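Only a portion of the chains appears, each positioned as in the full assembly.
So that you can tell them apart, the chains are marked A, B and C in the order they are listed, and the count of residues begins at 1 in each.
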Amino acid sequence: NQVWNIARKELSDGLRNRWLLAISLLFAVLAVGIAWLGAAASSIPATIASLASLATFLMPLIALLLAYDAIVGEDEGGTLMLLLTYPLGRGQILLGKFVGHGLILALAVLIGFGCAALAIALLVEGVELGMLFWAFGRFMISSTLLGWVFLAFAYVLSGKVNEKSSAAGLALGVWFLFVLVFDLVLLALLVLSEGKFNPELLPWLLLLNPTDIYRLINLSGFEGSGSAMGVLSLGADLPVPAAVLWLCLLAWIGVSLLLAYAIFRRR
Amino acid sequence: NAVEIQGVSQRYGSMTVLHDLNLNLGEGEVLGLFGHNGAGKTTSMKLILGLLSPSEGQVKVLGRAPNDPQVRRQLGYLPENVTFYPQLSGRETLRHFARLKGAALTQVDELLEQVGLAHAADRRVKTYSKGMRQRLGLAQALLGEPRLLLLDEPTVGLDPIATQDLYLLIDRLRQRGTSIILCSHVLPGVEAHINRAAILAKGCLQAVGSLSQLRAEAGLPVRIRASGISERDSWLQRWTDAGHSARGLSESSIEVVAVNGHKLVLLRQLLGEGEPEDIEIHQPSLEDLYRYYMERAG
Amino acid sequence: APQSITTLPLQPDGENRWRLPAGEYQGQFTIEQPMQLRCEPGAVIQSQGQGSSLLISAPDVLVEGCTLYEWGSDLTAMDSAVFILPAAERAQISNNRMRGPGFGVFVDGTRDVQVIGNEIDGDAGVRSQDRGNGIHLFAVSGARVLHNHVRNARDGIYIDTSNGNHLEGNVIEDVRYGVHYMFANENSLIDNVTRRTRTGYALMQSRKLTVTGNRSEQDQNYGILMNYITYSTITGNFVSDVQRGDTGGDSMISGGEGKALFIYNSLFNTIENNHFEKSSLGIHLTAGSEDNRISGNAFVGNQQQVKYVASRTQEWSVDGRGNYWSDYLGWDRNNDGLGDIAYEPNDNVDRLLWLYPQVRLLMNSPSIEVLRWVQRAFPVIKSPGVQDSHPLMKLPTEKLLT
C-alpha cells in the first residue's frame, strides 16, 4: 500500500531528529523520577495525577515538534510538488504522514510509561500487577490519543500557512493555548465570577480542551482529594459516563483530521 | 505522440493566464519551453504533470488522462529547487522514491553510479552541495524507465563537466524513445541539444518549431566577422552592395551584419577577394530569436 | 504604718460603712476590720513611697472611690498599693485611681475578691523592668476582676495558679505583657482589650481555660502566645496588626517578627471564629502541637498565613467547615458557604525559607516562580502540609470588627 510506503519514510525521518530524542528521553527520565518520588512517600492518587500532567506538557510538545513542518516543510523544500507527480493522492500523503508520525508518539510514550512501570514494580513492594498494568494501560492508549490530537492539530496549521517560519509561531501558539492558557482562562472565569456565572455550562468547557479530556480519563478511578484535581474538580459535575469520554477524544482526532484533509485538498 | 496538448485556454480568477496553446510533442523530440518565470511557462508545466485541471480543453499525456496512476509511473519530474529531506541519507531518499513510483529496488544502486553520486551515497542531504542535490534530483527522474522526462532547469548549480555529461545522458534517452521537455532559462547552450523550441509569451504560444524554422520565419543577421582582411576601405562598400553593413572597430575588425538572404555571394565575396585570418561565422543564436519573438509580442 | 481607723472617716451609714472626705493623707494604712469605706473624689490618699499603702487583712471589705499615689517599689518585699491577705476573703476594690512604681493590686490566697473598674496608671520613667505588676493574682479561687484600666505597668495582669476567675472587659495599654497566665487551670477571660503591648496574651502551662472575644490592637511580636495549654477554648478573638519588635527583657520568650498566634505544645483546644488581621505571621504552629480543632477563623491580610515547619499533614476543618482565607483564589459552584477546592497555605518553597534564611536572596527568582508552579502541577513533590478542605468564602467574623 502507498500509505505505508510514505509512513516508512517518516518513521525513519522523525527518529533522526535530535530535537525529538532529547525531549523524548526527557519524558522517560521524568516519568521514572515522578514514580520514584511517588514510591518513597508511600501516594497512589497523587502519582497518577502527576504523570497525566507530565504528559500534558510533553506529549503535545513531541507531537508539535514532529508535524509543524509536515506540509509547509515539504512545500518550501520542493518535495511536495514532486510528490503529487507520483502515483499518490493528497489524502494518502497526509494519512500516511499521520500513521508515520503517529507510530513515533506510540513509541515515545511506550518508552516513557514503559520504564515508569518498571520503576514501580521494582520499587513499590507488594503492588497489584493487575491494577498496575490496567492503570498504565489506560495511560498508554490515551496519551497516544492526546498525542494524535496535537499531531492532527499540526497538520491543520501546516496546510493553512505558506511559510515554515510562520508555522513555528502557530505551533507554539497552539501549545500555549491548549495546555496552560485554557486551564487559566477557565480558572480566572471561575474565581472572578465566584462560580456563579453558569452552574451547569462550565463543566462542559472541559470537553473543549483535549488536555482536559485527557486528564479526566486517567483520573476516573484515582480521585482522591479535590486539590489533586484543582480545575479538574468540575469533572465530577459532568453527567457523561466514561465511555463517551473516550469517544470525544477520538472525535477530536477525526474532526481535526478531516479539517486537515479539507485544507490540504485546496492547497 | 507523447504530449498532445490541444486547445487549452486555462482560466483562473477569470484572468486567462494561458490561451489556446496547441503543443504537440513527438515521441522522440526534445522540446524546450522558453517563457519567463511567470504564468505562461509554469502553468503549462503543471498541466502536463496532471496536478492542474485544464479548463476548456484537453491534455492527453501518453494517449491517456494526465492524472491516471498508470501513466504517472511513466513520468519523471525534476523540479526547480529541491532540498529534499536534510536528515535522510542519499540511498534512503532514493529508495523512498523507488517504493512510491513502483520501481524495482535494484535500480537505486545503478542510478547512484550512473549519476556520479556513489561516493556521496549513504551520506546525509544536509552535507550535500546544490549540485549534488541536482544529481539526486535527476536520479529520481530516471526511475523505472520513464517515457516522459520533464526537467525544469536541471543544470543550475552544476559544474560544466557534469553539464556536458548530463546532455549526453539526455541524448542516450532520446535514442531510447523518451520525450524530454526542458523548461530552462540558461538558453545559450541548450539550442544544440533540443529539437524544437517553444517560445510562449503573455500566455499565447508565439513560435514553435525547430531552430531552422525559427531562423526562416524571422530575418536575423548572420554575424560574419573577418579579422585580418587585406583591404578594408573598399570592403566597407563591397558588402553593402547586397545590403550587408560592413561595420568595423579596428584596423581590420569588420563585423559585417549580413541579411541571411545572400549567403552564396557573401562567402564568395570573402573568399574570392581579400585574404582572411580568422573567420567566425556566428549563426543567430537562441537569445536573438527569443529577443525577437518576445519583442514582437511586447 | 498606721491604720484606716487612724484617719477621719465620716460615716454615711451605720453598716460598717465609712466615707473619707476630700483632703490629703500620708503613709501606709491597714484594714483589720470589715469596713465598707467609701471616698469623696478629692480623697487623695498619698503614701510617701514605701510599703503597701492600703493593706487589707479583714474579710468583706468594700474599698470604693479612693485615689492612691506613690507607694513603694520594693518588689522583693511586695510594696503594693492594695495588699490583700489570704484571710481577707471577698474583698471589693471598686473604682480606684492608682499611681506608683510597685504592685497595683497584689492578692494572694484570697477567695471571691473583686477588683472592679479601677484605673491603675503604673509609671512613666522606669524601663518596664521594675514597674511592678498591675493586677497580680496568686492562687485565688472565685475572683471577679472586671473592666479595669491598667496603663504602663510591668506585665499587666499577672496570674499565678489561680483556678476559677473571670477577667471581663478590662483595657490594658502600653505594658510589657497584657495578661500573664501561670498554671491557671480552668480559668476564663472575656472581651479584654490589649493595646500596644510587647506580648498581648501570655498563656503559659494553664489548662482548660476560656479565652473569648478578646481584642489585641497593635501589639508587638506576639498576639496570643499559648504555651502548653490543654482543653482550652479560643472563640472570637480579634488579633490585629502584630508588628515586629522585642520585649526588652527576653526572659522566657524572644523577639519576633510579629505572630498573631503562636501555638507551642498545645495538644487539645478548640480555636474557632477568631480573626487574625494584618500581622506578619497569622499563625505559628509548632511541631509538637498537633491535632486540635482549628475551624472557622478568618486569616485576612497577613503577609504569611501559617508557619508550619513539619512534613506531617494537618487537616484544619472539623465537621466539614473550614476557615476564611483572604488569598483563597477559589470558586463556589454548589451554592453553600464553603469553597470547592481545598487550600494549601504553604508551598515547599515557603518552607525552605523557614529552614534556610539565605533563600531570601533567591526568593524573587523566576526559577522559584517556576518551583511554585510545578508544585501546583505535580503534587508528588508537594510535602503534606496544613491544608483545609472546604474553606469559607465569606467572613464569619462580621461582628469582631465592631
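Keep this in mind: a contact is a pair of C-beta atoms (placed from the backbone, for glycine too) under 8 Å apart; a residue touches a chain by one contact, two chains touch by 3 or more.
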| item | value |
| --- | --- |
| Per-label copy numbers for the whole complex, where each distinct chain appears once | A x2, B x2, C x1 |
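The rule is short, and it goes like this: only the chains that are shown with their structure count from here on.
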| item | value |
| --- | --- |
| Chain A and chain C: spacing of chain centres that average the CA atoms, whole Å | 59 |
| Whole-Å separation of chain centres (CA-atom averages), chain A against chain B | 51 |
| Between chain C and chain B, distance of the C-alpha-averaged centres to the nearest whole Å | 103 |
| Per-residue multi-chain contacts in chain A, two or more chains | none |
| Complex contact set, residues of chain A against chain C | 34, 37-38, 41, 46-47, 49-50, 53-54, 57, 190-191, 193-196, 199, 202, 225-230, 233-234, 237 |
| Contact footprint of chain A on chain B as seen in their complex | 49-51, 69, 72-73, 75, 77, 79-85, 87-88, 92, 96-97, 99-102, 140 |
| Chain B-facing residues of chain A, complex | 2, 5-6, 8-9, 12-13, 16-17, 77-79, 81-88 |
